[PDB]
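*Asks:* Take a look at the letters that make up each chain.
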Amino acid sequence: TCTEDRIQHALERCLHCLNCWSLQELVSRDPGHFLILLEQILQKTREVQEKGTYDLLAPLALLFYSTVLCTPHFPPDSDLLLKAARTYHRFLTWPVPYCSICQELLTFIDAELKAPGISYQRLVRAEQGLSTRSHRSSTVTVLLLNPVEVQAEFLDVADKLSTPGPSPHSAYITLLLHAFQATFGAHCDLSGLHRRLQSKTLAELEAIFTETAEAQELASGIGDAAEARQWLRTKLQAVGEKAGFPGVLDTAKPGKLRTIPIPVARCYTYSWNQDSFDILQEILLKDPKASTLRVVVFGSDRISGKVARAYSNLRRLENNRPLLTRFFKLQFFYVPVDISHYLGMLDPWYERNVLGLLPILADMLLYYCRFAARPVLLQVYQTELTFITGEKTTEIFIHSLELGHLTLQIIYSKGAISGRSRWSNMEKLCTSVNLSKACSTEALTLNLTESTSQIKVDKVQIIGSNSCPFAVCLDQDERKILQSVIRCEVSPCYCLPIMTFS
Amino acid sequence: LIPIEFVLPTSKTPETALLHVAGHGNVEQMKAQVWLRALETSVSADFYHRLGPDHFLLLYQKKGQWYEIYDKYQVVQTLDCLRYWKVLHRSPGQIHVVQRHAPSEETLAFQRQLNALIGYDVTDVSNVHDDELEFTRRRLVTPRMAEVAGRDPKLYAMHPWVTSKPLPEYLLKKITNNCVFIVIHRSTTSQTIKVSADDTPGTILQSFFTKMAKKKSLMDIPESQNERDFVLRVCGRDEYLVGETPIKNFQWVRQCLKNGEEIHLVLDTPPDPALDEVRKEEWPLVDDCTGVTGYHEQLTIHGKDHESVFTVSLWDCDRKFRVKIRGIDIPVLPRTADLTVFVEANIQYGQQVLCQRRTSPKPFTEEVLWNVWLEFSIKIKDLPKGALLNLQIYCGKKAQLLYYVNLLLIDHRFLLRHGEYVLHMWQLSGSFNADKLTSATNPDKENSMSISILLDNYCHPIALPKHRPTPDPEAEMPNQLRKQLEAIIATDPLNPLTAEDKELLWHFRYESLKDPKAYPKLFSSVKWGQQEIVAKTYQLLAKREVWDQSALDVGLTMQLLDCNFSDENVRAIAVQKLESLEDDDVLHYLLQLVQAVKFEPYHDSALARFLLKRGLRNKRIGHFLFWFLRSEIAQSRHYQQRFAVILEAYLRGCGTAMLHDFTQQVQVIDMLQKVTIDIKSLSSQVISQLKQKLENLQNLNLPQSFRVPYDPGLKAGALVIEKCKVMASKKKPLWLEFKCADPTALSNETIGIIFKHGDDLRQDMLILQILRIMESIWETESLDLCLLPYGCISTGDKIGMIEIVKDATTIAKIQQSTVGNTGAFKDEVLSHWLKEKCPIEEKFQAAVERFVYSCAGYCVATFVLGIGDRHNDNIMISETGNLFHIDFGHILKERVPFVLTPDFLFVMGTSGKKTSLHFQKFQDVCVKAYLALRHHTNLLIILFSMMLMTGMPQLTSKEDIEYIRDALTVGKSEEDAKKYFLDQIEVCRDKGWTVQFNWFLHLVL
Ligand SMILES: Nc1ncnc2c1ncn2[C@@H]1O[C@H](COP(=O)(O)OP(=O)(O)O)[C@@H](O)[C@H]1O
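Same order as they appear, the protein sequences are chains A and B.
Counting in the working numbering, the final residue of the first sequence is number 502, and the numbers go up one at a time with none missing.
Counting in the working numbering, the final residue of the second sequence is number 1507, and the numbers go up one at a time with none missing.
To be clear, the hints were calculated from the coordinates, so they are not data collected in a lab.
Each hint should be verified, as a subset may be incorrect.
As the list claims (entries may be wrong) - Calculated cross-link-like contacts (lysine-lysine; reagent style DSS-like; alpha-carbon spacing at most 30 Å):
hint : chain 1 : residue 1 : chain 2 : residue 2
1    : A       : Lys44     : B       : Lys822
2    : A       : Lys44     : B       : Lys1474
3    : B       : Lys826    : A       : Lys51
4    : B       : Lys864    : A       : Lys459
5    : B       : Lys887    : A       : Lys51
6    : A       : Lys437    : B       : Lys1474
7    : B       : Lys1474   : B       : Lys1430
8    : A       : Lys414    : B       : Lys947
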């Protein structure tokens, strides 16, 4: 159809920015679009399954895992899930990690077939935190901003997101309406059920919601999905009867299926003038897997790295004194306001959606925060500094170093990918020892001010002139300039990661 | 699941634990389950907490024999224990668990002894990135025990030598009235008895006892000890005459008759079988099936839920094979010159390059990092077993080839290689050589150019199926096509096959299958790049009645083992055919088979096991096998590990006495080699120092007895210090002269040896094998060329032992005797020397006849092998008029065919262009031999090609094989060959001394 053709065109234009948001809006107008869209993907997906072009695989996956998670109802006549299952069941011959993506999708598809709507209910229940006793889990959203660095538009976005729009009563209303719609198709009058619920108290609503979620999970646990679906449909009919509103359901005449946009999760905003993340630890006073602290750091290069320093710092602090994990299995999300550039070069999807940066920006932010689910690590260079008085300290840096404004003992072990530790000693009198991050790891190009010259290194040691104190910088930071240093070792070292789409 | 019970070390009685295991679970998962259950069930759980699961092995009995569940990644289903129990209706399973145990000090001492004998440690695991060698070592255990069980200690110890071919006609002249005289030396008596050619040793001994039953006293045979306790033995040598075979069927008797020498034998008690014990095996047998993965039905995924997927059949995958090349690093440059260097990768099956790809050239340096992906057009499902992923580093300005390295895409146990890899690349020393197929890495991991690659892993192993040869149901051909096809089949082995012919053969392959000779040509046409064709071919080979009924043809079977064919079943049927060969033919072809072992893609084959069995079943073959392999280990760094494994798997079953003999021989050779190296490093001083050193060696532990390498029946004794000396040569060999340690030796002749250093002999060893094969052919043709093979051998890097032809002088010396050092070559010199050495005219005539024979034989052989351009300073002649060559080590723009100097013409008397009876006899014999030989063009060509491939180190090109073909005059009438050979003879006659004189000048220069 013309609308279907436009859907395909928009999807194609996306594959090659705001295309994602535009597509989301377009599909959100009619429930039918969903199925239509899901068809086109399984067409294009199959294409790659033969052409063996790896790159396009990762984006489509997300789109699919997005589209299915938003559709309101799947008529039992529709078999599109079987088509997806068969299409993805033949990817296991693919290399790693694509097989991981396909395995996760297979698990998700089995879940959906057994008991539709499970994924939506789980996501919303975790987001709003109205979790059941058997499955007690929650979610958080923290927006750390530097008012000056973060532009006024970003500030408006954060303020809007921290706005407490919804209420738990509305959460129960939406969750029950969505579950019944998805399960019973159009044979229910959502208006009548909504009217009956609006009179119902919070306690009874929550009890019914908990029971419905328990029935959902139980059905998802059943072996045969075909029988499980009917079993759960009957159970929900019995639940509606017992509560006292069965009439709205099962209506012989179908209604008009309604799209249910995902709700808005809790959000709290804090100023973060400091580049030290410790601010968060304070809010702690104010289970790891039961919830996560989706810290949302606004991203500026200059400070990007200087704050990454803080991140890694507290990373070590908790790795040695794990307490934050006991509360939340943390997750971090950078937000360009070159830690992004690296992500984009590795994962182009990120480069085209996150790096490009309710209002369009807010929707994009929500989407990104909710679907980017692939932690990526960054390379980093550990070092140990021994001072005049025998004091020894361990530091970690990623940008560069500056040692000087002397008879510097300079030893270094260049390396080969093959693994040839070509040691070398250059005990030369130098003044300014500037480490440059030239760019499978890499080699900082050590610099020296004697006739100048600069060369790469892999693992280095510098010894001063008979306990000579030499100033050392940290990633160009003129604030933290350690001194009284006599010895300096440098070498590359290897839940709270740098969340990326990957 | 699978209910299985595991016995447990801890007792008051050994504990048991019944367990259910995944039907398709592997051994690792089962081990984890067993350890976890034991941690709970254990009466003393601390005992099992202290140790890990790896500190125990799983031994289960099968009819009484413990087998160990070795392969930790094999699937539980393939285990033969389950199948055997089902046959036995034993359940739930019973698997004893035994903690590891450190090897006994005795075991360590024995292991070090074997390492010393081999000359290279086998237990090392340094230059390896796999487990194939240890796995093969454990695998080979079963054949050793099986063969040892079925061996008669008596005959095994006596190891009589026999054969079964008909007597050559000329030799039937010597035997008359079907009887011959045998001399018996006993104590101090010599009695001659006439016995028919068809009287076995037992019958002859019984008849002799009956004759002399009244006179045992003089014979000095105790009355108690009856005939049972005495058997014949050849006087002066350790070779017996026992068994049940006509007296003419023992090689020694035929040799004596050929030599015209009265047969002498002496009674002696049987050698003790107890000396042949083998140390009780120190290992449990490894399970039966390890190299079988299953049928494609089970290993595929379609029709299975992903949660129930244990493995992915390789054929299911259908992408393009893809690899990632990271970089190349070398410590120091190879040269100082700006040259672009690019890596080139290829996929090769056999010698056929399935596909190629090349990278980007870059300014060469010590380090060059690419990190680039290469995708071959070939899909993953069409990877045949044994494919080689060749890698090369072409240094451009064509681009020189600097290094390379091979790699098996599929490892031994049928699991696609996956993960990271760091290889060490060999360095180059034509078109092809046997070196490029080495699967090993460079031991010098310090200063050897190394490369790094990456192959994408998978969430599961990608195994390979095993074919399910379900019968194939798959009329008459046009007669013209039949004629064309047959003509194609009739071409020479080397004749290339066009695409059209290949398609025809494959299309009409059921036609060819009805003809054995077509087999080698039929498999070349097969396209290896498709799974479907492979399946069809295996179906074709399933029906193998025609090949089986085919009479054994060694020449044909050799063609199969060439590198062309890397199929599992092709070489299996070839070995099957070889299984029928008797012992003597094996002695003939042993060196060529050992060479062919190189081409086998994997460490364990059918060929290796066949060799092991034949060696263990006999002594003599075992001896020669030992020396050949030991020579291979020392030299060829490419394959030292494989031969080391095979030889170790051997030496553990030979026995005791054999081990002691190897010990003594190796010690003596090492001492002499050390002295030789010390001496050659630097006049009469040299001789005095050598004699002093020999005296010291006597003062040292230079054993007094040892079987000579190239002649096990001959026991060397104590050196004759005075008779030794140093020859005058650019390499200065040593001249040793031992004396036999047998007190019963008839004569006092010494045992000569020449000990050469600083030169490889393998070329000479191979050429001598070729000459022996040719001699066998001619004997089958009922002639006598009186060729002179002598036993040469190599026993290390540039060290060799050579038999000494007694009473033998080079032709150059004879020339110097009269002419001196000018260059003139009078023809009367050789005749005068021979006549002087032969005062009796009858002796003179016999010597002339033998001289003509040997000259003809050697001329033919050298011409056939195309090495007849021998300088006039490498040919020897015996006082008996016999002639022969030596020094086949340097020979591997006029080009004379072969040396037929005019002096030979004078010897035969027909100087100039005149002729006489002698010359015509020479020509007649030459032509007879030449045609009889051309009757085996296939065998000659295949052996020569194998020699070139696995012989000289430098790269070889088809030009050599082109020449060889040309020479024999393949596919030409008998008269054409006669004319061609006579033309060669006349060309040799015409030139005269010109070429040899030029050679003399060049050597002087
Ligand atoms: N099998 C043999 N029996 C007796 N003498 C031999 C034998 N082989 C070589 N010689 C002697 O060794 C000398 C040739 O040595 P060789 O190493 O072949 O040549 P070169 O002098 O070029 O090194 C000759 O004097 C020859 O008599």
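*Asks:* Of all the hints numbered above, which does this structure not satisfy? Sort the numbers upward.
*Replies:* Going through the list in order, the structure violates hints 2, 6 and respects the others.
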